[PDB]
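In the block that follows, a single chain appears as structure tokens, in the form deposited in one PDB entry.
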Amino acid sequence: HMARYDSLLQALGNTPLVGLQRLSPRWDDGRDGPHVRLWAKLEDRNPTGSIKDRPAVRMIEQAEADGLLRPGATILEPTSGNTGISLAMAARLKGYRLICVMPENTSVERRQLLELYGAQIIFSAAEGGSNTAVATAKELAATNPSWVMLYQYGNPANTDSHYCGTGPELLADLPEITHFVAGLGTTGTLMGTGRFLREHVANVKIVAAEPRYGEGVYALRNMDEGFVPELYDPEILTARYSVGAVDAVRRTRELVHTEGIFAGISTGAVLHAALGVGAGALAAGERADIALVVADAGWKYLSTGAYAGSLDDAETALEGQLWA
């Protein structure tokens, strides 16, 4: 036995870390100085194809250990994007009923996909900005004590899945890590992976990549202004890079072209930040081993037209598109 599992939930994490020899500023050290290396952590190697499998499973089993989820409970979650798929898969495999509260703009194709997983989907209506999914789910949950809202936006088990998973896994394959670059959505990946790495690597850099394009996890929400995510700790990040549509898209196209990795649209932001951090490593003469997260694959996004034709069409195509 090398990879025999009794359930799909066991085939989670322990994802590949793949060196990018072509796309890296300099893979081999030499005459002009130390190497600047990019390493890609392939989180699409997960049950549903995204990094959200980790926190989804960890939230349920924390809720079990905490005694909130008992055998016949229904999980109620305000959601969008990859978390919808991950929670649907995880709830089912764990024997729970799931209701997803989703913003009224969710596609019918995506509704039907989650319903095939067994989730009941409730659309909140929202005559305002993007939606009211959270407050609706919170009210529904208040209706029945065996109805439990996990709330990924503020659930510590979100960041714990990366402190206990993504982080230790990174440090095991990349003891020489100098930088960690990931997308900033709920902040779980950054806060959890980052706290772990900072406790073990003396001045590792934790770099937030922040897409300026599409829609993120908080899109389904009405937020207070210039908000702070509930999971966010202000002393973990050492840097943030804000990344535009055109830059994101050509980085994603380059990754496929030169490394054969077909990544999701959030990885464009991550790659751009990473390459900019890398270009700094010797403008400064310094060595770099930069781990970067590929949080999902392109399959889900190629319908968009974001990988085809002109970068103008691609940029236009990213409008209104969930990247998380």
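Positions refer to the first chain, counted from 1. The term rigid core refers to the maximal set of C-alpha atoms that superpose within 1.5 Å between the two forms. First, how it differs from the form deposited in another entry.
- After superposition on the rigid core, the single residue among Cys100, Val181, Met89, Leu170 whose C-alpha moves by 2 Å or more between the two forms is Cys100.
- A displacement of less than 2 angstroms separates the C-alpha positions of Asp233 between the two forms, with the rigid core held in common.
- With the core held fixed, the Cα of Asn131 is displaced between the two forms by 2 Å or more.
- Core-superposed comparison between the two forms: the Cα of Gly118 travels 2 Å or more.
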Given for the second form:
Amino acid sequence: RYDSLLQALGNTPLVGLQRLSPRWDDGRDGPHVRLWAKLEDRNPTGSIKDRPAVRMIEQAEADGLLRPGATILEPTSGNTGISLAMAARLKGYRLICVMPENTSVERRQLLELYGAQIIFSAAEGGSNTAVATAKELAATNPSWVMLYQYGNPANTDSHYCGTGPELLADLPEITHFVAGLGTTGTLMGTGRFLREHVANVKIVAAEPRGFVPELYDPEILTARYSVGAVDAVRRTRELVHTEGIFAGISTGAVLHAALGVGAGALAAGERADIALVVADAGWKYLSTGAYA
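Next block, the form deposited in another entry, ref. the form deposited in one PDB entry:
This part shows the chain on its own.
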């Protein structure tokens, strides 16, 4: 049991995808190629961002960067903002988010429900514009505390100390780890941990079809897949149809990459155990029509 929602975080289930996996059982045709889904919607606000959000705040608190009642400022496409907003309610901080104006209405509603102030940056330039806008706001008011999810090592550390160790415990036979590439925390932290323990482990990024996050270490990745929106939608729908998991759009892209890695292993007669991140659920994407 836990003393607050903040602690009911991580230790997420890993579920074998027996129908979607290229080959679930070993046999006469060759070795198994299995997919394993780590369900990061089993978290306080329903996404993986709860891990770095909470660790970024707590580390900021430890470093004396946050006095009680402080106002936090963060550029976000939504998930990090929501996680931070939750954490800010339990810890007594105010929150200002800079979010692109072309984000789903669900994200907006949930941030307002948590009492975050939202500044909607121009759609054009997307997250680059959000980040640049937040830097301009940080400079107009230095009392505001920007944790900076694209450069804060506590982001990466949450996956190094959490996501990675959880994966190795549940899946010591892991051959591949597949996840989306955004802040880069998930892949950098989980990947660094897994490469220290698992000999020839492959770390595979899925990214949408500039601005390089400061967290990014190019030596960590084996490969990067670019996935178009149509394939991401297709795989998201396919995951709920075949395995019952109602995931967000990034999971479709990750799945697309993982099935590619999977098809490659199968065609080469190689055993594979491919862990893939389900970073959030489908709820915040319903208004997009992608599940229609």
